[PDB]
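Asks: Residues per chain are reported as follows:
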Amino acid sequence: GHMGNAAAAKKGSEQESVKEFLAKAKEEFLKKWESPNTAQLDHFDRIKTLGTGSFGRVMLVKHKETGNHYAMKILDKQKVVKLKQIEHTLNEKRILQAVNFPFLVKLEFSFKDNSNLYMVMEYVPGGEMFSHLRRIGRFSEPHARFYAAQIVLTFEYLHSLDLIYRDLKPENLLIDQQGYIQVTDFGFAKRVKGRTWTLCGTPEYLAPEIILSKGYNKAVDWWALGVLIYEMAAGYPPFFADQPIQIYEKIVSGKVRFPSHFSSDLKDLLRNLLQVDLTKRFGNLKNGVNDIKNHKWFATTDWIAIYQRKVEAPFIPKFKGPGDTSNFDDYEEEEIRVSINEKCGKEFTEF
Amino acid sequence: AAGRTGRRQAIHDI
Ligand SMILES: COc1ccc(C[NH3+])cc1O
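In order, the protein sequences belong to chains Z and B.
Heads up: the first sequence is residues 16 to 366, going by my numbering.
Heads up: the second sequence is residues 324 to 337, going by my numbering.
Don't take each hint at face value.
As the list claims (entries may be wrong) - Distance condition first, Cα-Cα at most 25 Å in a straight line; then the derived SDA-like pairs of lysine to any residue:
| # | chain 1 | residue 1 | chain 2 | residue 2 |
| --- | --- | --- | --- | --- |
| 1 | Z | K311 | Z | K229 |
| 2 | Z | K99 | B | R331 |
| 3 | Z | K99 | B | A324 |
| 4 | Z | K26 | Z | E171 |
| 5 | Z | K265 | B | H335 |
| 6 | Z | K358 | B | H335 |
| 7 | Z | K308 | Z | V271 |
| 8 | Z | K94 | B | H335 |
| 9 | Z | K361 | B | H335 |
| 10 | Z | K99 | B | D336 |
| 11 | Z | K99 | Z | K26 |
| 12 | Z | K97 | B | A324 |
| 13 | Z | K94 | B | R331 |
| 14 | Z | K94 | B | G329 |
| 15 | Z | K229 | B | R331 |
| 16 | Z | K208 | B | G329 |
| 17 | Z | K94 | B | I334 |
| 18 | Z | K270 | B | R331 |
| 19 | Z | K208 | B | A324 |
| 20 | Z | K301 | Z | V207 |
| 21 | Z | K34 | B | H335 |
| 22 | Z | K97 | B | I337 |
| 23 | Z | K63 | Z | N342 |
| 24 | Z | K99 | B | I337 |
| 25 | Z | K208 | B | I337 |
| 26 | Z | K265 | B | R327 |
| 27 | Z | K229 | B | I334 |
| 28 | Z | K121 | B | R331 |
| 29 | Z | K97 | B | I334 |
| 30 | Z | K270 | B | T328 |
| 31 | Z | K121 | B | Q332 |
| 32 | Z | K208 | B | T328 |
| 33 | Z | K205 | B | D336 |
| 34 | Z | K99 | B | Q332 |
| 35 | Z | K121 | B | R330 |
| 36 | Z | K265 | B | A324 |
| 37 | Z | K205 | B | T328 |
| 38 | Z | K333 | B | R330 |
| 39 | Z | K265 | B | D336 |
| 40 | Z | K63 | B | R330 |
Hints listed in this document are in silico derivations from the structure and should not be mistaken for laboratory results.
Extracted from the complex, chain B is given alone in its bound form:
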């Protein structure tokens, strides 16, 4: 189950 474990940045327009 590979996925992002660190802090996740928000996206502004995409």
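So here's chain Z without its partners, still in its complex pose:
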């Protein structure tokens, strides 16, 4: 076979240890999920906007009492107007307050006022993978593989808890002071036992079954991993067009072309992740995540060493001190106005 006796026994034992880990992780998650206003706005100085979206922004803030820096996501309650926008915001807070994994951002506080919802997370100063990737062009395969391995382990963890992530992309992956990944933005994450039906995500990263309005499962995350690995290694994603409608047509076609510099091992992995037929997509078969972890492209990956953060990272972001924002792009700054009248109080009672 491909493995000798010693290698096969080591791999098997490793897989049983994964099961043991995930069983304990589920017990810990459920405790926080079943039995979870830990601060207020004037406890922080607002420093700089780190990113912006349709419903709000993320700001670097400094806790007045302790001097610790944090990333504060601010959502305008009125802007959270559409039905699925509201439910998704409750998903995000509840999931972040219950998960625990080395590559998932840690939530520290959450609260709300008359106008906004707030989630205060650890500040990850190394910037988004997105801007490093756009600046360098593309990552070499070993560099892309180091990041991909962290996503594989993170999705193995999330999916074991029946959590789908649903917004993988370089914009949502921050690089920490040791060069490892922190997944942020859980706005589209959801606990799903089987199928779900919401049309959501980012166009370039949508699996065909989402676009086709089919009920779908956690395999959409494995498709998105294929898109991410391709984009990291090529510098652009596999389904690339100026308008969403054209992107969708490419995704559903079932056709992918690869740069001539992609290794054959990489192309094989990507053909099995970017698989329109769900009965054939890696991550969705009887062997689950192990079809990915045991693929030849990952043969050099020490999964436990990655989890334990023992592997030397390919890139360490420069940091000039606490509160440094040099690894983030600049954004238009807008005052945080809080109305004297409570908005949407009933819609956000649970937050």
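Take the given structure of chain Z and dock chain B with the ligand to it, following the hints.
Replies: For chain B with the ligand alone, coordinates are given in the frame of chain Z:
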């Protein structure tokens, strides 16, 4: 190969 090079916004219901 024309496509979107800037930050990409997620879509909520379409
Ligand atoms: C720690 O959380 C965040 C930090 C930075 C961004 C911008 N990419 C979004 C976040 O949700």
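Asks: Determine for every hint whether it applies to the structure shown.
Replies: Hint by hint, here is what the structure shows:
{"no.": "1", "hint": "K311(Z) with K229(Z)", "result": "violated (32 Å)"}
{"no.": "2", "hint": "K99(Z) with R331(B)", "result": "holds (19 Å)"}
{"no.": "3", "hint": "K99(Z) with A324(B)", "result": "violated (34 Å)"}
{"no.": "4", "hint": "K26(Z) with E171(Z)", "result": "holds (17 Å)"}
{"no.": "5", "hint": "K265(Z) with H335(B)", "result": "holds (20 Å)"}
{"no.": "6", "hint": "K358(Z) with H335(B)", "result": "holds (21 Å)"}
{"no.": "7", "hint": "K308(Z) with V271(Z)", "result": "holds (22 Å)"}
{"no.": "8", "hint": "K94(Z) with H335(B)", "result": "holds (12 Å)"}
{"no.": "9", "hint": "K361(Z) with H335(B)", "result": "holds (22 Å)"}
{"no.": "10", "hint": "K99(Z) with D336(B)", "result": "holds (7 Å)"}
{"no.": "11", "hint": "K99(Z) with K26(Z)", "result": "violated (42 Å)"}
{"no.": "12", "hint": "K97(Z) with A324(B)", "result": "violated (34 Å)"}
{"no.": "13", "hint": "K94(Z) with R331(B)", "result": "holds (19 Å)"}
{"no.": "14", "hint": "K94(Z) with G329(B)", "result": "holds (23 Å)"}
{"no.": "15", "hint": "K229(Z) with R331(B)", "result": "holds (23 Å)"}
{"no.": "16", "hint": "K208(Z) with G329(B)", "result": "violated (34 Å)"}
{"no.": "17", "hint": "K94(Z) with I334(B)", "result": "holds (14 Å)"}
{"no.": "18", "hint": "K270(Z) with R331(B)", "result": "holds (22 Å)"}
{"no.": "19", "hint": "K208(Z) with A324(B)", "result": "violated (39 Å)"}
{"no.": "20", "hint": "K301(Z) with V207(Z)", "result": "holds (19 Å)"}
{"no.": "21", "hint": "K34(Z) with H335(B)", "result": "violated (34 Å)"}
{"no.": "22", "hint": "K97(Z) with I337(B)", "result": "holds (12 Å)"}
{"no.": "23", "hint": "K63(Z) with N342(Z)", "result": "holds (12 Å)"}
{"no.": "24", "hint": "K99(Z) with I337(B)", "result": "holds (11 Å)"}
{"no.": "25", "hint": "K208(Z) with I337(B)", "result": "holds (23 Å)"}
{"no.": "26", "hint": "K265(Z) with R327(B)", "result": "holds (14 Å)"}
{"no.": "27", "hint": "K229(Z) with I334(B)", "result": "holds (17 Å)"}
{"no.": "28", "hint": "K121(Z) with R331(B)", "result": "holds (24 Å)"}
{"no.": "29", "hint": "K97(Z) with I334(B)", "result": "holds (12 Å)"}
{"no.": "30", "hint": "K270(Z) with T328(B)", "result": "holds (21 Å)"}
{"no.": "31", "hint": "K121(Z) with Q332(B)", "result": "holds (23 Å)"}
{"no.": "32", "hint": "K208(Z) with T328(B)", "result": "violated (35 Å)"}
{"no.": "33", "hint": "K205(Z) with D336(B)", "result": "holds (15 Å)"}
{"no.": "34", "hint": "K99(Z) with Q332(B)", "result": "holds (16 Å)"}
{"no.": "35", "hint": "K121(Z) with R330(B)", "result": "holds (23 Å)"}
{"no.": "36", "hint": "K265(Z) with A324(B)", "result": "holds (13 Å)"}
{"no.": "37", "hint": "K205(Z) with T328(B)", "result": "violated (28 Å)"}
{"no.": "38", "hint": "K333(Z) with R330(B)", "result": "holds (22 Å)"}
{"no.": "39", "hint": "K265(Z) with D336(B)", "result": "holds (20 Å)"}
{"no.": "40", "hint": "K63(Z) with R330(B)", "result": "holds (19 Å)"}
In this structure, the hints that do not hold are numbers 1, 3, 11, 12, 16, 19, 21, 32, 37, in rising order.
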